[PDB]
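Asks: Spelled out from the first residue to the last, the chains are:
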Amino acid sequence: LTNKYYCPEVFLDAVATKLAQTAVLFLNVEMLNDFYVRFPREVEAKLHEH
Amino acid sequence: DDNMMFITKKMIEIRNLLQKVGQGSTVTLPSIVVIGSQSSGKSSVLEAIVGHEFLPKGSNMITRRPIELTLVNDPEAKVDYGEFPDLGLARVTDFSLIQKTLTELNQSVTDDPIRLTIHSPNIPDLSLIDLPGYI
Amino acid sequence: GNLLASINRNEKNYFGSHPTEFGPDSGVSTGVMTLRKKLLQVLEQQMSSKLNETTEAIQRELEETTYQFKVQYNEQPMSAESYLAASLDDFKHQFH
Amino acid sequence: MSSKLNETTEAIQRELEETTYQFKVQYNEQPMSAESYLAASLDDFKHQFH
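Chains as they are written, first to last, in the authors' numbering: chain A, 815 to 864; chain B, 224 to 332, 339 to 364; chain C, 471 to 566; chain D, 517 to 566.
If you are wondering where the hints come from, they were derived from the structure by calculation, not from laboratory data. One or more hints might be untrue.
Listed below are the simulated DSSO-like cross-link pairs for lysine-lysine, each with C-alpha atoms no more than 30 angstroms apart in a straight line [claimed, not checked]: (1) B:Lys232 - C:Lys482; (2) B:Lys265 - C:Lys562; (3) C:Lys540 - B:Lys243; (4) C:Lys540 - B:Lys280; (5) B:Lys265 - C:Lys482; (6) C:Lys508 - B:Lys265; (7) C:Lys540 - B:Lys232; (8) A:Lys818 - A:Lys832; (9) B:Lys265 - B:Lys232; (10) B:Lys232 - C:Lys562; (11) C:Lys562 - B:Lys233; (12) A:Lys860 - C:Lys520; (13) C:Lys507 - B:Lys243; (14) C:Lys562 - B:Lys243; (15) A:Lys832 - C:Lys520; (16) B:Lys280 - C:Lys507; (17) B:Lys280 - C:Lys562; (18) C:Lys507 - B:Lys301; (19) C:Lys520 - B:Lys232.
Computed beta-carbon distance windows for the label pairs [unchecked claim]: (20) D:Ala556 - C:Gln529: 49 to 55 angstroms; (21) C:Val512 - B:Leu312: 51 to 57 angstroms; (22) C:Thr535 - A:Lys818: 47 to 53 angstroms; (23) A:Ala859 - C:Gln538: 28 to 34 angstroms; (24) C:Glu481 - B:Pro298: 20 to 26 angstroms; (25) D:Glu531 - C:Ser549: 51 to 57 angstroms; (26) A:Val824 - D:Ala556: 51 to 57 angstroms; (27) C:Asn472 - B:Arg287: 55 to 61 angstroms.
Cβ coordinates follow ideal geometry from the N, Cα and C atoms, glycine included.
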């Protein structure tokens, strides 16, 4: 790992993987579960009203 | 001087809401507190009655519980009617029934102060509270 | 009835016995109507003064209630209809 | 009109018989309202989505 400036490919891919995973956790909680909870209620209300 | 009464009425409505928010609603808006010695106390009760219209007062009173009188400008209402907030939706036409009810509360005697609401076109909206006078 | 008017007629009439001692523009003030006007004035003034401080206090109690909404339940809103809808969706999936 | 009432009534009963038999061959005479159809399809979609 000490040759980070000598291997830009490997370094940039590592940063990409990390940012992706920590962003993915908050994404799953804040967005995905909110979708799983709100979506059925919204479907039922909107279909019956429609 | 229409703009004039109104500010006060909106404020009294607000005093009522701060009073009603909850347990920890220590917070509130001021109002008139009435105090009077026994000769003075009798005079004071007479005065409170005279200020708007005749109401049950004096006679034999424990004077244990304060009475939060909240008044409303009563344009568009042609009958002198007074109601109790706790017994909601109850309007009283004659103040003799008000005498029997509130004097029954006087004989019942918490230290909670009964709220009252009276509407009369002659009366300007106010917010006085009458506690027992010194003896 | 009409005791109001009557107590007003007497006040109007009595100062007549000694009008100069206590009548208009005399230093003293008397009768129920001027007293009432003044009561209105003072109530408006004092209430108006306490308005800002009481308002700040209400904002303080609102902030504390809101923070408890942050610590407890992560401030996600909830209505009774939202609760009922979600539970009905769960039951329908389970039943199917 | 009163005279033709008998024959016309018989003919209506006949066409009602034929419509009923077709209700027997097709759909096995089971009742159906639009709401029964909608809710059944909605429960299908809800199980699929969950």
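Asks: Tell me the hint numbers this structure goes against, listed in increasing order.
Replies: 2, 4, 7, 10, 11, 12, 14, 15, 17, 21, 27
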